[PDB]
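Coming up is one lone chain in structure tokens, specifically the form solved without the ligand.
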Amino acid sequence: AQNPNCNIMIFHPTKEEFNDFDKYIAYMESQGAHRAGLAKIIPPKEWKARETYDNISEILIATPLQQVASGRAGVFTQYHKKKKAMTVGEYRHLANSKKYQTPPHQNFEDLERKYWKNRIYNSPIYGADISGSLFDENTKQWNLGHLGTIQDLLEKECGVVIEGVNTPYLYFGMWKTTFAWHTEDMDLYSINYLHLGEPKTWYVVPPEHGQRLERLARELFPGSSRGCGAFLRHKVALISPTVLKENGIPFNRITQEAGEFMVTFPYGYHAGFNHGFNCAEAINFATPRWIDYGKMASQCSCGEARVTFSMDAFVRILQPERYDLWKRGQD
């Protein structure tokens, strides 16, 4: 078995190896990368996502989210308060303000210590989930707006033709902006490219150990657990590395820097935070190996997680028993 200790693997494809996305994913899995839940891909030195970022300030963040925390430093939830629209130029200036900027620090480890010590006492503003792409249309390799669609994968593997589309999303972050513990919708893959700015630290639980994270989460968030059988789908819960270590949960951590890709694998729980002003682009995708994870994915039926038009069809085809009760949550 390759990668038996489920370590995060880092890949350095050549420009020749960067031509065939699907084949490269299958390569990485042949080396055991999926066992970690997360992998890093450093693009060939010749590759670029676009020529410059000089003209992005006029993108609109229509609903910036203020991430308000409750709990204790190592075990907290966050609620997203909607703010007034602002441009990316306005958001960058805010991120750089004395109130919101990254503190002085020695290295990524000291900054990580400061994040876990101090996150709950601040409410950073996250520009999340903005439909769009920053890849130049002439970028042919690993262009997250040109990937094969999940609906076409389901058709190729299973023969069934379904409605829905699959498009990327932009994330504009600042110091302390946080992504809660989650797997992807329908336990899909994700791919995430850090276009610019400061790093993003990731934490991940190997897929084979995901249920250990879930059991700890039910103990740490007991009222949420009683309310919903898949409450991590709400994407509000945070648990620190120290707490995970105290409870014996297997995990790994890695920091992504600008110019690098991360891939999350089916049923790889992940969480993390941004070090400062940055912009990431991410999209879900599928492979043949995903299908069985999609059939088994948990779902929120309390109604809080409230998810996409395209997820309807996935549920309808892969989980026809759940269909009914799940669309009651989504209607």
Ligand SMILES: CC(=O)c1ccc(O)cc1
Second form
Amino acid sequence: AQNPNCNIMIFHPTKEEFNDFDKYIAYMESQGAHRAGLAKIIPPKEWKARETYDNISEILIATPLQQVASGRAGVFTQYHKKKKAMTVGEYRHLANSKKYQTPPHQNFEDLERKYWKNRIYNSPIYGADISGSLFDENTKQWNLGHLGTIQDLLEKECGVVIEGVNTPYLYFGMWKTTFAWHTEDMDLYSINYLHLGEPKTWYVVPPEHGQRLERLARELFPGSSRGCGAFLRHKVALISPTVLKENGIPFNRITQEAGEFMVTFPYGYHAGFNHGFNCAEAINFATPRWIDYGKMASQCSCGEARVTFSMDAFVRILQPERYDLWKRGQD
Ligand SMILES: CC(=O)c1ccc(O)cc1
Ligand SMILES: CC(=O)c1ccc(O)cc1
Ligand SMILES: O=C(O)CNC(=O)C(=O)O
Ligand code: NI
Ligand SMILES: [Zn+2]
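To complete the pair, please output the form solved in complex with the ligand; the form solved without the ligand was given just before.
Below, the chain from earlier opens the complete complex, with every other chain and molecule after it.
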């Protein structure tokens, strides 16, 4: 078996290898990349997402989210308080202000230490979940707005035609902005391109060990667990690498820099944080190997999770028994 220790693998495709997206994902998996739950892909030196980022300041963040923590430094939840709209230019200025700016630090490791020590004592503002794309329409390779759709994948694999669309989302971040432990909707893949700015650090649990993380989460957030059989779907729980280690949970970490892609694989739990002002673009996608994960994906039915229009069809076709109780939660 390839990659038996489930290490995060890093790939350097040539420009020729960068032409066929599906083929390259399949290649990475042939080398065992999916066992980690996360892979890094460094694009060929000849490639670019767009010519410049000099003209993005007038993008609107309609609903910036203030991420307020509760709990202890290594085990906490965060809730999202809605703030007034601001442009990306205004957001960048806010990120760089004394209140919100990245502190002096020696290296990535020092900054990671500071994050886990001090995150709960601040409430950074995240410009997350904004429909749109920053890829130039003329960028033909790995353009996250031009991928084959999940609906078409299901149709090719299973012969059923379904409603729904999937499009990319932009994420504007600042120091300490945080993504909670989660897998993707319907345990899909995700792909994430860091367009500009400061790094993003990721933590990931191998898919084969995801249930170990779930068991620890139930122990650490007992009220939440009683309220919902899949509460990690709420995307509000954080557990530090120190706490994961203390509890013997297998995981890895890696830092993504501007100009790099990350792919998360079906049922690969991940969490992380931004180092300073940045912008990422991400979208879900599927392959033939995903179908069996989609069939088995846990669902939140307490109603907190509340997901996309397109998820309806996935649950309806892949999980017909659940579909009744699930849509009861969505509605
Ligand atoms: C990366 C960059 O050039 C850039 C420019 C203007 C902004 O408002 C935000 C980012
Ligand atoms: C000029 C340039 O760097 C550039 C990059 C990406 C494009 O899709 C189109 C032009
Ligand atoms: O970048 C973020 O805040 C969160 N991104 C993801 O969870 C992803 O790309 O799958
Ligand atoms: Ni994700
Ligand atoms: Zn729930």
